[PDB]
Each structure stands twice: as C-alpha cells, then as structure tokens.
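This structure is in structure tokens; I'll ask about it shortly.
Incomplete set of chains, arranged as in the complex.
Labels run A and B following the written order; every chain starts at residue 1.
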Amino acid sequence: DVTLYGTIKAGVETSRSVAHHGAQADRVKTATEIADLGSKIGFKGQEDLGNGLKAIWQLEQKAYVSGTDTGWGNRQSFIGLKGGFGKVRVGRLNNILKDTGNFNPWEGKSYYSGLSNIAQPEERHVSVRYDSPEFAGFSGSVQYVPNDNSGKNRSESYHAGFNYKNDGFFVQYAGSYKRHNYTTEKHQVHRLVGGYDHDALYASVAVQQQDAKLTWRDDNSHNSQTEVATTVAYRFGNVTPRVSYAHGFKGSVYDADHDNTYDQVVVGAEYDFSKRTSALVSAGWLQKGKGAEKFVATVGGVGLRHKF
Amino acid sequence: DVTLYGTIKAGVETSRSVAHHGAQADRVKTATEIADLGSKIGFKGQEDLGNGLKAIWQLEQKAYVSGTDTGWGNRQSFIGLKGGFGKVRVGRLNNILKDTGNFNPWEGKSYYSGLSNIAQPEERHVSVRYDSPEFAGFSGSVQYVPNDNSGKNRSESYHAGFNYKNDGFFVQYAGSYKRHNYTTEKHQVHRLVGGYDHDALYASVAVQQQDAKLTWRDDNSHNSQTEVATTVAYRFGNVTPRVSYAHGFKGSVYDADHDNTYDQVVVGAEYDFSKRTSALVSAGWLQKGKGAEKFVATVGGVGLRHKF
C-alpha cells in the first residue's frame, strides 16, 4: 500500500494594485505573470497485519512546475496510526484552522486569488495531532506545537476543533491559542464554519475572531479582529461556478479606533474535462482601509489543474 | 498513465587550463574530480477520456548523485494539452534554441565537455509554448517569456522556431529576441541547424549569430557574434564515436575589433552495454583569444549513464 500522488496546476495571473495617496501619493501597477498555482507532490502509505490497527505515513512537498522552490516535506507530512481510536500522527501537520478551510478553495498565486486575510492563521507546524473517528457525524482533534521555546516562556501553541456533518450539513469549530509569541503574548484564534455541502451545491458562512494581548513592553496593550466570509459553490455537467465574500473588521481602543476594515470578493469557475483535469478561471477584488490613505487590488487569471 | 523516469550519469573529469600571461601573470592548473554529469529525475503523465484531446503534465528536477544540488521543477516541467492541434504547455520550459540542440550531445560537467559557448542561449524559462503537430515532416513552435518586468520596459523575451525532417534529413531554425534586458537592450539570437540524422549516422552543421544593441551607458553601442559548429556521430554494435568543432568569431566594435574569436573541439564515444546503460568517454579542447593575452583549456573523462 504505497501511493504516489499530488496535483499540478498553473497558469496566468493578471493583477493590479491601486495604492492611495489620497494623502502623499502614488498608485502602482499591473503585474502579469505565469504562476504555478499551489502545485505539489506526495508519496505516502499505510500497513496492516498489523491488526485492527494500521500504520500511516506521508511525505508531501511543494513541487513548483515554475520551480521558484526548494526542499522536502514542507507540505503536510507525518507518521502515525489509525485504528478503533482514529488517527494519531506527527511531523509537519496542518493547523486545525487549516483543515476547516473548505470555504476557501481558490487555486491561487503569489498574489491572492482569495480569501486570504481570513485564512492567514491556517498553517503547518511540526507538531502532534489526534483526530477522533466519526460517531453520528461527529469528529474532533487536537494538536500541540511545542517548537520550541524552553528556553523562555513557551511559544508552543495549541490547536483543536470539532466537526459536525449531518445530511450534507456541517459546522466546524477550529481554534488556536498560543502560550507565547514575541512581537505578541498569548494569542487566540477562533473559527466557526457552517453550511450545506453536498450534491452539486455548497454554501458556507464562516466567522473568525482573533483576540490578542500585546506589546510585551508598553503593557497593557491589546487588539481584537474579526472576519466573516461566505462562499457559494455549485455544479453542473462539468462547470462549477463559485463565489466568496470576506469582510474583516478593524478593532477598537489602543487609544485609537480608525477603521482597519477590509472587504474582498472572488468569483470564478472550474470546468472538469474530467475528475482530475479541470480548467480554472478566477477573478478577485480587495480593498484595505478607506478614504485618503487606503488600498485596492484586482486579480484575474486562468489555470489548469490535473490531480493525480 | 503516470510515469517516473530520468537518467543517472556520473564519472571523473580531469581538466587543465592554460591562462596566458604577458606575465604579472600565470598559468593555472589541472583539477581532477568526480562529477555528476547532468543527472536528473522526473515524473509526468497524460490523460484521455477525455477526447481527441489528452492532458499532459511533467515535473522534472536536477538530481545530482553528487548532491551539489537543491530543489524541484528546475528541469523542464509543465502542464498543457495535446490534440489535433498539437501541444500547448506552460511553466519552466525549454528555449526553442535549447530544443534544436541535438548537435551538442556531450554528457558533461562543471567545466565544459563541449560545445558550450555556442549553446549559451539554450535555456529554460517560466513561459508558454505552442508546438504544432507534424505535417509532411514540418513542425513549428513559439514561446513567450513574460517574466516579468512591467514595471519598466519589458525584459520578456520571445522564442520560436521551425523544423523540417525529410528522410533522415533535417534543418531546424530557432530564434530568440528580447524586448529588453539590463545590459542588453533588445537582443537577438538566431540558429540554423541542418544535417543527416538517421540509421547509425549523424552529421550536422549549425550556425548561430547574435546581434545585440548595447545601452550599458553606451548609446549608440552594439555588438554581433557568430558561431559555427559541426558534429559527426556514428554507430556500430555498441560503440558510437562522435566529434564536434565550434568556431566562434569576435564581438566586432570599438575601433579595435581585435579578435575575440574562439576555437574548440570534442571527441569521444559511447559504449552501450544496453540501450539504457552506456559507458561514456570524452575529450575536449578550447582556446579563447590569441597571442600574448589568451586562453587554452583541455578536458577529458569517463562516466556512466543509465537512463530510466
């Protein structure tokens, strides 16, 4: 039971930025490039005989067709076991926020297809993860990121979530907390996702908040941020139109509020010539801040993806 | 239809340089090393069902048995389609000048087996390529190298060639032009190759010229260069003697033309124990310039190559 797998997707990005300059000016420009969209390669397997138990391992890395890259196992790679009790695994592994993540499936490039600012804390760390099996559509998992920090007060972080799916219907909580980080102190991220996922239709609303203690010097400082996003995919024959909106908020206080708010949106589709082979078309838009000091950006492109 | 493939070739290089010296100067020396000769690995495939169309993808990278290396998809790797209309493909891809290139098949190392100075503009860039199918021995292709440069005046470059083969007979034009480059404004490279390739015999003469505008500070400055090369390979049983000459002429300008001319030559053979497994033996020689300030170099070695 050895398997070699992966996916290759690439194509062109036409992109533009409008940098404001309301106060003290200039507005930069289009960049148009050939870009490998998240391409990558993996090997992996499982063994039995063995028992009710099975051994699982994987090694996956970034394979850029464009070859802007380097390295091994910078993808999700691990070793672990699954059994009556589910899977325990270790090594480079996905954030519990990273594996909700289903509401943000935009094949993308050096500049965001979308929806990014909301997916900023979706990571891979060298860590440990338990994922409990299903019971009545129920699931849960937990993750430790020791690395490493003792040493000082621990920058190890802490990850877990649960997932319900009942009849094409779902919600997923994912959360992260961090005992310490420099250029920060104990930091928290929370996400709930819910929607229908099934039969040629998908819709989801997700909400993430992050509450953070701050300024290890100039205490007590702190910030909160909040983001919403929503996505509707659908399908027929081979085409799969999809759309997403994301509004992040700013925060308050610190002595000053402003509005650090952002809005962004994406639409595009997929045309399956086959299961594996899908043509991709994508157009996003985003705006940071508002008024005289502010920002806008607009991306679009095509791409191919062949999964194997 | 997945495939893993590649080739491994390595072996020893004995090398020497004679650096010419009106003194204050000196003549450097032999270096003798174990060297991986162009060794590398690849995966790739194609899909149908599908249609008259097929999906092609490849990921190939430098695999040094000597491991002086790093990375992924720094070989020719891509994604594209073939069909009635031929192949369109994208990602890291070979120059049109790089895919004539048949006249220079000397497995080589850190220093020049040969024939190098004439193969200097044979590249791989992240780009787009169309290769039209065969009609009556006829073929053609085109390539865009956007990356990236707008930004400023575009350093994107431009590549295409055609190929005729009739009855073990061939000619290949390949050409490159560059809208911009820092230290060469608007630069051009042209190559014609012709010869017999077939049935245990190969002979070819190829000619490349490069005409270049020069902005360095320099307006109006400019240079031309020209290179000829010729190669005769032949075969029996398992041995495949081969030989190559290359004479470049000078960059001609600046009130002393001088002579920047160079001459170089290579001979060696191949002994197939099988299709895949061939023992390689090679000796080159080169000379740059002439007279009191000048250069000479002499290389030779063995190696093995097993293709898979």
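To be clear about the criterion, a residue touches a chain if its C-beta (ideal position, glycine included) is under 8 Å from a C-beta of that chain, and two chains touch if they have at least 3 such contacts.
Copy number for the full complex in this structure file, with 2 chains shown: 3.
Keep this in mind: only the chains that are shown with their structure count from here on.
Between chain A and chain B, the centres computed from C-alpha atoms are 41 Å apart.
Of all residues in chain A, only 4, 8-12, 29-34, 36, 39, 41, 61-71, 273-274, 276-277, 304, 306, 308 touch chain B in the complex they form.
Chain B makes touch with chain A in their complex at residues 2, 4, 43, 45, 47, 49-51, 53, 55, 57, 59, 61, 70-75, 77-81, 90-92, 126-128, 146-148, 150-151.
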